[PDB]
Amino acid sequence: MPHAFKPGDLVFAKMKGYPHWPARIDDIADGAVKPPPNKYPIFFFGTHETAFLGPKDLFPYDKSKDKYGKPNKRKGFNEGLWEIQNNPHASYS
């Protein structure tokens, strides 16, 4: 069965103004800013930016890649597709 999101989970994450975007659930460093209730730190592949999003905007990757995994013209998107496929757990900092 599915569980609550945890660090390392791979998703497509939806933000306003962007296509559903390859991403992963990150962990929260000690003393770093914590998310709002029921939100998670989402690291976006390709752009390497992080935002706080809730589960309504998070689509498990395996289930959703046929729909959301096609290349596009957005800055960083195709690199993000490559990173989630080839080295999703790497350090990109």
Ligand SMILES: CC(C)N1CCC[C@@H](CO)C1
The other form holds:
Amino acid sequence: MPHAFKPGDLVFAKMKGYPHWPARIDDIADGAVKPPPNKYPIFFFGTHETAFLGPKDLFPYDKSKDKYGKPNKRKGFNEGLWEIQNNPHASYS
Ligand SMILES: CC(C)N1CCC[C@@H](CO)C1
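Next up, the form deposited with this ligand bound in place of the form solved without this ligand?
Then the entire complex follows, led off by the chain already shown.
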């Protein structure tokens, strides 16, 4: 059975106005800004942006890749598909 989200989990993350996007739950570095209550720091592959999202917008990658893991015209998306498949746990700083 599923557990709660934890750092390192791979997802497609949904934001208003954008396709379900390859992403990971990030850790929060010591001394870094913490997310709001009940939100997770989501790092978006390809764009390398961070937003804070709750579980309703987080789809586990294994379950969802057949639906959401196809190329998209949007900036950064296809780079992000490579990242989540090929090196999802690397530093992209
Ligand atoms: C869809 C995704 C790559 N972006 C676009 C909006 C900003 C970013 C994180 O704040 C999420």
